[PDB]
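Coming up is one lone chain in structure tokens, specifically the form solved without the ligand.
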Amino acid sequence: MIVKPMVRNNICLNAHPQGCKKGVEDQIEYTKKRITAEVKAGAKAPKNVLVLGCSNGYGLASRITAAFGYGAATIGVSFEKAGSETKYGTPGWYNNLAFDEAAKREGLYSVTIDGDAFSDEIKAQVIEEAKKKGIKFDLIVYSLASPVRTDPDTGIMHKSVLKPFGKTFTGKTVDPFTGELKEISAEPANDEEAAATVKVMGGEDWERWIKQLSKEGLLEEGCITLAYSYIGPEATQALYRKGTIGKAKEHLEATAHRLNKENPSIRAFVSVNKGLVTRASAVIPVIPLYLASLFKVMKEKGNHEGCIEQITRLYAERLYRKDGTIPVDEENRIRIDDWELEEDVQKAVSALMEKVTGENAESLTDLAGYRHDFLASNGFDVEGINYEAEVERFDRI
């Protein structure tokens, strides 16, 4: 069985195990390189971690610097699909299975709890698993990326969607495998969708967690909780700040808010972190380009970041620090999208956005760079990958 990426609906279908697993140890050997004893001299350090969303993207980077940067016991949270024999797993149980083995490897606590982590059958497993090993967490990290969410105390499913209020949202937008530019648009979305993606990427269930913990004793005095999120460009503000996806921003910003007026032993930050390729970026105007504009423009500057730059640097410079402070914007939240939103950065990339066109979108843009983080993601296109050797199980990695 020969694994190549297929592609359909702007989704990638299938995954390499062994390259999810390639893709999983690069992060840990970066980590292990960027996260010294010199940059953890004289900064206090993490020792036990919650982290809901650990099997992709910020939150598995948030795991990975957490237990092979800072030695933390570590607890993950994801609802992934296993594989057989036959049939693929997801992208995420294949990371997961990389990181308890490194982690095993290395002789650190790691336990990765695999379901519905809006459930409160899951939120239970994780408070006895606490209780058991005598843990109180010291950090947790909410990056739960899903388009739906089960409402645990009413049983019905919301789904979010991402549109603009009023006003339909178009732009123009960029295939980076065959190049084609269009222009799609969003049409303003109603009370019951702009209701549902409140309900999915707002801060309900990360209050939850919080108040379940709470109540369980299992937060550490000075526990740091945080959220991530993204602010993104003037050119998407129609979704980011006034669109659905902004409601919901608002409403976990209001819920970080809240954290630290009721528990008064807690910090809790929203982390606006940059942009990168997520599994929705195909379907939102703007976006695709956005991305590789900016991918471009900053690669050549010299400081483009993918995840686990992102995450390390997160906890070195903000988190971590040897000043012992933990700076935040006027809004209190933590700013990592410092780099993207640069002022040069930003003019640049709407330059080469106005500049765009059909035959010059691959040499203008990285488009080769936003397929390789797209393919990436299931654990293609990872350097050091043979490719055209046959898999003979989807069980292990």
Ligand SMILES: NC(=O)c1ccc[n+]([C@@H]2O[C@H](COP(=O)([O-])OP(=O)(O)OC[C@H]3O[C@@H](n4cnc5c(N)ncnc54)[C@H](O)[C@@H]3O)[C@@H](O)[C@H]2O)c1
The other form holds:
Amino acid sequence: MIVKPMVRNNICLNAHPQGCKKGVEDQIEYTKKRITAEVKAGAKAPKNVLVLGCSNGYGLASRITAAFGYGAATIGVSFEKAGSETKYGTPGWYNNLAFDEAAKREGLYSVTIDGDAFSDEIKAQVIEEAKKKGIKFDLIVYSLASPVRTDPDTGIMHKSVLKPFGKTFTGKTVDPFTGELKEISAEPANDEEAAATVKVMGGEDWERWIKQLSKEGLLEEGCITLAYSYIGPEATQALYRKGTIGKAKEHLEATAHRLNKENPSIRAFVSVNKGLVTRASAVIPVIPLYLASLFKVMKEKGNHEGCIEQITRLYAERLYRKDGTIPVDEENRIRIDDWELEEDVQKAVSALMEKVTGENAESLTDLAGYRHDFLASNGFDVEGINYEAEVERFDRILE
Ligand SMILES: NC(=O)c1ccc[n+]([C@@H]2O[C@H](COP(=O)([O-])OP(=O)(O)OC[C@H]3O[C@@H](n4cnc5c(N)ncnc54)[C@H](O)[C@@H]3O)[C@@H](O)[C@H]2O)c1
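Return the form deposited with the ligand bound of this protein as a structure block, the form solved without the ligand having already been given.
Now the full complex is given, and it begins with the chain already shown.
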């Protein structure tokens, strides 16, 4: 069967098994080139690391660099739907198969607990798994992006929204394939939707993960733990600062202080990373247009870093650096979005967005790069993969 992109309502349904595998392998070679001994030595290294949300995006790079850069044991946890012989799985199900295969070849320990990380059953599965192998955790990476969360105590399912407060946030959006420059808007969120997004996107659950692992004595002396976040440009402040994602973000970094205060033997940070193309982007205003214009500028300047290039820098120049310290900002946060929000980039992206219209879209913003990122998340448009070739089965990767 010829597997090619079936993208409906700007969301990609299928996934290319070999393309997912090559993706993880390309991210692996990069890690090996970037984390050399001139960078890895003179500083500590992670020995054992739990990665919550391991299967793609920032999760996958965090886990890749940890095992292939710093030769670490890794326990992943993600929510994936497996393949049949004939039924395509979620991109993550293939990415995790690809991660185990290449980590067996190099003789590293890796187990990926498949299932809902918000649940208690999963927390249990890793509690027993870390105990079964003995050694305890020195890096917990909270990297969960999910639109929904079943509460373990109440049992209520919580949807999340991406909306502003007070007045409608309206602005341009750009369909990356057609190049059509449209006009979508996010409408003010009420009070039921506001607390529901803090219930989901905040640090409510991340706190649970740390408390439970602490009473089980599964954390080392001075263990680093970090949750990912995003601040963004001055344009999307109405969603990311004073919006409903904004409030949820503020709860996450409030959890990072509450965690250092209640257990001084652990060190918690929220890492603010760069913006990149995800499943949310399409139906959220001025994010595709921003990101497409952003790649054009950052490619031109040579400070465009994708997922793996971002996280390798993080480990090497924030956590495990010669000096020992963890460089943070004013409100005690790791800053990796430092290149994105540097002003000569921001001023340039703003100029570019004002002079894009119904036809110059492909022409003066990087829609092609945006397409590649959006497709590569599903195993498509990866170089070195011939897509015309038939696909044997959907429940295994091979080569
Ligand atoms: N792209 C951005 O705007 C951006 C930038 C910086 C940081 N972040 C933050 O980074 C964090 C993770 O981002 P990402 O790039 O990994 O997104 P991603 O969608 O690529 O991956 C999310 C992870 O969650 C896992 N999964 C989804 N629901 C689950 C569940 N309920 N239980 C167990 N696994 C589940 C997926 O398998 C995946 O590994 C998010 O909290 C996000 O806020 C986003």
